[PDB]
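Peer 1: Chain residues, written in single-letter form:
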Amino acid sequence: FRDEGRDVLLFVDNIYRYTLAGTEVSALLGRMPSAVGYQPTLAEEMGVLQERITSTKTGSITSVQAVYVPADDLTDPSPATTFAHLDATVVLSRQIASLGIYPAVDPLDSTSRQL
Amino acid sequence: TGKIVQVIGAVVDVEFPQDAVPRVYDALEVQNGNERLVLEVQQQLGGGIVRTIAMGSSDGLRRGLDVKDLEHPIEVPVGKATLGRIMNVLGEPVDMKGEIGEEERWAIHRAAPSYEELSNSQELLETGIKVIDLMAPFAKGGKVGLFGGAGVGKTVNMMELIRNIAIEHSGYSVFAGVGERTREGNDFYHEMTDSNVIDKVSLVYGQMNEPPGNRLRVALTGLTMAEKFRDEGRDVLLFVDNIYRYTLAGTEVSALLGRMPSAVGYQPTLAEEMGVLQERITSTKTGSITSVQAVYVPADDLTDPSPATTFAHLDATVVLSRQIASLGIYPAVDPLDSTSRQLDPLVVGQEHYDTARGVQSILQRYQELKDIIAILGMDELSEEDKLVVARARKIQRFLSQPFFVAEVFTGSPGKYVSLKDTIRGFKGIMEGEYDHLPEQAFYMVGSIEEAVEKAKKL
Amino acid sequence: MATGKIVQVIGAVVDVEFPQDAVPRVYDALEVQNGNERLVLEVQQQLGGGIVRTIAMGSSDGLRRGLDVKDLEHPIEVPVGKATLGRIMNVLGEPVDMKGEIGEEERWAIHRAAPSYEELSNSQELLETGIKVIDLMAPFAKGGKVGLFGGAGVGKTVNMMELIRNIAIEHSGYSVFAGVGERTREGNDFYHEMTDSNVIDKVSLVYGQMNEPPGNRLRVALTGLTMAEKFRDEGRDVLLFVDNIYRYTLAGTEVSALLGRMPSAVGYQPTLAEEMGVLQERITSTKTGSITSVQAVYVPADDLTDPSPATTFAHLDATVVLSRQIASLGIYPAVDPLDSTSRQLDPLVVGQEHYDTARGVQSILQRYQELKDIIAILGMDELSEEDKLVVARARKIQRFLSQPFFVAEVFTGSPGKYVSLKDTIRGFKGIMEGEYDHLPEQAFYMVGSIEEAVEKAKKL
Amino acid sequence: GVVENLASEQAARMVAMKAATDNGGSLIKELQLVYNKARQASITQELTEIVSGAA
Amino acid sequence: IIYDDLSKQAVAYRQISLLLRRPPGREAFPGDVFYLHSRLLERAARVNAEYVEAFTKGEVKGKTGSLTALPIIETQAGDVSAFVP
Amino acid sequence: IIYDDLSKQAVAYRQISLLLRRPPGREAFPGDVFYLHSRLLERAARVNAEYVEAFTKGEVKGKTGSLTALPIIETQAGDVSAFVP
Amino acid sequence: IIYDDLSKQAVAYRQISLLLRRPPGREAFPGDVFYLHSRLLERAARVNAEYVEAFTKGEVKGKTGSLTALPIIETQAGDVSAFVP
Ligand SMILES: Nc1ncnc2c1ncn2[C@@H]1O[C@H](COP(=O)(O)OP(=O)(O)OP(=O)(O)O)[C@@H](O)[C@H]1O
Ligand SMILES: Nc1ncnc2c1ncn2[C@@H]1O[C@H](COP(=O)(O)OP(=O)(O)O)[C@@H](O)[C@H]1O
Ligand SMILES: [Mg+2]
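Chains A, B, C, D, E, F and G, in that order, are what the protein sequence lines are.
Yeah, the first sequence ends on 325 if you go by the numbering used here, and it's all consecutive.
Yeah, the second sequence ends on 520 if you go by the numbering used here, and it's all consecutive.
Yeah, the third sequence ends on 683 if you go by the numbering used here, and it's all consecutive.
Yeah, the fourth sequence ends on 372 if you go by the numbering used here, and it's all consecutive.
Yeah, the fifth sequence ends on 583 if you go by the numbering used here, and it's all consecutive.
Yeah, the sixth sequence ends on 583 if you go by the numbering used here, and it's all consecutive.
Yeah, the seventh sequence ends on 583 if you go by the numbering used here, and it's all consecutive.
Source of the hints: derived by calculation from the structure; they are not laboratory data.
Incorrect hints may appear among the rest.
Claimed, not checked - Straight-line distance between alpha carbons at most 30 Å, and here's what the computed DSSO-like set of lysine-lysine pairs gives:
hint : chain 1 : residue 1 : chain 2 : residue 2
1    : C       : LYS322    : F       : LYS555
2    : F       : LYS559    : C       : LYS322
3    : C       : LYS379    : C       : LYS681
4    : B       : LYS65     : B       : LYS130
5    : B       : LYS347    : E       : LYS506
6    : G       : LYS506    : B       : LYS159
7    : B       : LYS448    : D       : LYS335
8    : B       : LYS202    : B       : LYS262
9    : G       : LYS555    : B       : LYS519
10   : D       : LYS346    : G       : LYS561
11   : D       : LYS354    : B       : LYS432
12   : B       : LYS262    : D       : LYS346
13   : C       : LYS379    : D       : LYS346
14   : C       : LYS595    : D       : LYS354
15   : C       : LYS322    : F       : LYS561
16   : G       : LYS506    : C       : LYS510
17   : A       : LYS267    : F       : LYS506
18   : D       : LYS346    : C       : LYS595
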């Protein structure tokens, strides 16, 4: 739809589970492991997927991606890696969600290039 | 018939003609210098190679030694002929007396009783120890586990349980020493002989000096004897000196058996190896085994896989804390972690249940206050919080008790406390009947009357 | 004639195959022609079949499979003796300055066994440094290992130059400095500062820069230690400076990881304790003479339980802590007298007078650090006439710890002083006993010994 | 009486806050030892997982 | 349906995987343990009436079937960060 | 010269090393990960006039030269004690 | 008998064990580390006169032999709770 010249919205249910499927197959594909069990190719796979989701001079793709954060540890390599590819990042915190005050967006952690 | 082809630590590989390969858990035999060594078959590799564990010291073994194939598993004497005698993992007599007058020998590898055979029982079994039968009482025919780190009183508590139960109880008993101190085995043997109670007890000893195969199989030997007495229709007491050493002896050989490490480096088979042992210690419609087991906790880490796996297999669990023991409160039972299947209003009745839950609630609230107290000090607390602390401290002191086996350590006479006195005393403390006594009045007193008599002299 | 051939090159690791009958022994040194320059390889393991596994002492790029390999039948050999003084060398003992060939007389193998039980001395003796704070509060033994724990800005290198100068001039020894993983900029700065101080002739420098492959940074310490052992055999007493023992540990970790050995707790090499012992046990007081070592220490996370600090501390005899807080007072050398320690400070070793004097100074400075809290929280009015006395004496003790260095004269503009152990003991004992109570506290600052404080007070 | 009680209050506060500062220092050193153990353990555990994963 | 201690299912599966020499993943579990539990738990579902009619071949019409699952997990110290939890 | 995300260079080199089946170290980085950044950063230097004169064969005489490097590192939670940092 | 720093004996045995590729356990010590210390200290004992008579072949009678042992262990930061201690 982008190459036709249209403006399209792309919604991804969870980017994390793509990386997790990669982790599943990686051991059987004979690769030695790295970091916290993750495949060695984690950054390469993430970049190869993410660099196609961009708006060219012919058409624009606007995308909203949900990102699972294991145990809310934003240190973990998969969320820490995906942080670099986005433009606006909204961080939902269980510390706020425990108080029931939804949308539970953390203002001190969320940020955007447009601000 | 067989030939030794490898020797790696405790593990020996033997080659046999392909038409004659021994079955799993068959016993093999080899002459090692001036002595006979038994090997137990663990795995069949390909091409007639078979992998075995040495029931003895493997040093001095060459390659190429001829090995004899015994047609049966390890079989041990069972029955009344074993009573009053000390036996080895191989079922050999280890006391200096003559041969065991066996009539029958049983293979130590057996199946657990079927689901149809199991029996329920709710008969509460009393102990002389306030904290145990208050917080975690246990029934006839159930399992009790003492969890603790190094040097916190597992053996002393088990010896008090022996003194009280296994002497008001009338039937036979089996004591299995598994990878523990030899000195303690000799001391136990003698004080049994001096008391002339030895003739009711069968003792199997697999202490730490032994090479790993002995420590691995000795627990099964003890269970086999206890199962003989159970299947005869008796009510039997089984004491296991440290169940942890069985899993540790599995860990030591697992790598040499060629099995990938798991978790914290444990054998992958840890849960199955523990379960097949534990499931055989069960009371049955034909006869009942009551069991007390010590469970060592490595590095005091109660989240380590071995204690964590052991917790599901027991009916009553008593957790001993180094932090309490360093206060000098003995027995060092943690009442916020100790728990029993039997602490249920139907079996114990309402007064006992309510008293236990009240004690538990007050001590939990004291834990909640201690972090405030550490920084601010107590003066900032509310006047009801100060009362909670003042009662919780007295409760902690009143859980202490002098033991007869601790007469040598403390120098003060041991105490036996009836359950009614425990319930009455703790209910009185929580109701504030004794809010006017000092804390020292409660430390190491048998009963509440003794607390007030101590209070008169402070 | 070259007899081996390269069969693998995997990063720095080079495998070489020899005839069955001529495998080189472990720790032997090989060489190959990497184009238009020679590359040295050190043997680590003998594999089966004539194959040997080596670590390249240089850049591995450009190596082909099938290159000819020469088996030098000795280990790495380095020049030793007087010709090394004032020269900069790499781990191979080749001059890194431009100053031409070293006029060597001997070359010694860098791999050696430590002195045997019968060669070790039958005495314990203090190395008089001439520095009041060190000689009183953290005495060096001959053959001791000393740790420096100070950070940056605290005068560390000026302290090193003062020790070099005093051991060369007031004793008759020499120094060796081993730059284990130096920063090239800081090596250049240090070389020029030693030229400007005129201590350069007195010390020999072996530098292993960080840009070097791991084997070089591992073995440079042994090269320096070998030159120190040469000077020891002449009968001298020697100083060996190790610029960071932590980087020696990390070089061992890197090399063992490249060899692929199973790692240990916190990921260190399994050979950690033996590698540390192999280095540290060569630094001892022989009957012939002694090597004493001053070693910079780094704590990986300020975690004192980490295996590298835990292993290093077992070998240190003394610990000297430099603090910027004291440097803020203008007191130099900026040595904390309360956190610096020395296990030699025992009555059976230093004697009761020295022990009592050091304990008294420690107690007085601890009490002063307590009373500073009262002076802040409540003020001098709170302070009793006995507490005022300990404050007045503590200020004078603190200033009498200052000392002008011969190498600092361009800063202070005052000629340096060397103070004997008996004189510094006598001075601090004097101040503690309440004689010299009546002098101004500025009569003690930067003066030298007490006999010069009484001269300063006469004109101050 | 009121004024002397006020002096008493400020003195008692100073004493109590001094005690609080010292107790906080003790808590910090205890916690740091626990932390260093946790750090070293996590490093060794994951490195064992990695090396045993080379199979 | 009450699956009691899904964690012990995971432990038994780890035993099987290590005895078969399959490469260990994080915390020594195999990588496909997620696939194990996910394909177990995605069977619990409510199906529309059309699926029931097709399965029963018209014997049952207009009724929606449902399977409800209540798995149980044990945490060691409240640590939800473990692999299986 | 500014190197943006030297940590990403380290991650790329880790990927290369693990696909080439070279032994892993701490946090799965290869043994020579220190050598990578050290030999990169030691090139940033100021060189004396005689070096410039020798290199240019005397066509430049009076000038020193320099290369100044500003590497960037991303810490995860202020954990400066991570390996690459 | 005094054994000085059984911790260092443990470290040496760990070196030997890891060089032989043996899977490490808690910390990095092999599971064998308990058996190592246990078979040493357990030798220390007070043996009854019958054992002495049997061993000496009757040459010594009525005397009980003994061997006391004082092993030394070093704890980091006074931590009594570590594995080897
Ligand atoms: N009830 C008690 N009263 C007084 N002291 C006690 C009591 N229980 C234990 N102790 C003290 O604790 C010591 C160790 O006890 P015990 O041998 O029962 O510990 P354990 O936890 O079973 O140890 P291990 O793991 O080493 O076998 C005793 O020797 C004694 O000093
Ligand atoms: N005896 C002394 N007199 C005066 N200044 C001194 C003396 N010793 C050290 N210093 C101070 O040391 C400072 C430099 O510290 P230095 O040792 O060069 O730091 P680094 O650790 O980088 O080597 C100078 O400002 C100098 O004044
Ligand atoms: Mg015990």
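Peer 1: Quickly compare the C-alpha distance for A:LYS267 and F:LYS506 to 30 Å and report which way the hint goes.
Peer 2: holds, 29 Å
Peer 1: Is it true that the CA of B:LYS262 sits at most 30 Å from the CA of D:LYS346?
Peer 2: violated, 54 Å
Peer 1: Check whether the Cα positions of C:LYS379 and D:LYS346 lie no farther apart than 30 Å.
Peer 2: Distance of about 29 Å is within 30 Å: holds.
Peer 1: Check whether the Cα positions of C:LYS379 and C:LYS681 lie no farther apart than 30 Å.
Peer 2: The given pair, whose Cα atoms are some 34 Å apart, is violated under the 30 Å limit.
Peer 1: Take a quick look at whether B:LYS202 and B:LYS262 sit within 30 Å of each other, Cα to Cα.
Peer 2: holds, 19 Å
Peer 1: Has the given pair, C:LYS595 with D:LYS354, been kept, meaning a C-alpha gap of at most 30 Å?
Peer 2: It is violated: about 35 Å lies between the C-alpha atoms, which goes past 30 Å.
Peer 1: Straight-line Cα separation of D:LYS346 and G:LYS561 no greater than 30 Å?
Peer 2: The given pair, whose Cα atoms are some 54 Å apart, is violated under the 30 Å limit.
Peer 1: Are the Cα atoms of G:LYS506 and C:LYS510 separated by 30 Å or less?
Peer 2: With Cα atoms ~28 Å apart, G:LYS506 and C:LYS510 stay inside 30 Å; holds.
Peer 1: Next pair to validate is B:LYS448 with D:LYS335; report whether the Cα-Cα distance is within 30 Å.
Peer 2: holds, 22 Å
Peer 1: Next pair to validate is B:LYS65 with B:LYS130; report whether the Cα-Cα distance is within 30 Å.
Peer 2: Answer holds: B:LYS65 to B:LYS130 is near 9 Å, not above 30 Å.
Peer 1: Is it true that the CA of C:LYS322 sits at most 30 Å from the CA of F:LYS555?
Peer 2: holds, 21 Å
Peer 1: For the pair supplied as a hint, C:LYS322 and F:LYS561, confirm whether the alpha-carbon distance does not exceed 30 Å.
Peer 2: Given that 30 Å is the threshold and the Cα spacing comes to 23 Å, the pair holds.
Of the numbered hints given earlier, the model fails hints 3, 6, 9, 10, 12 and 14; all others are met.
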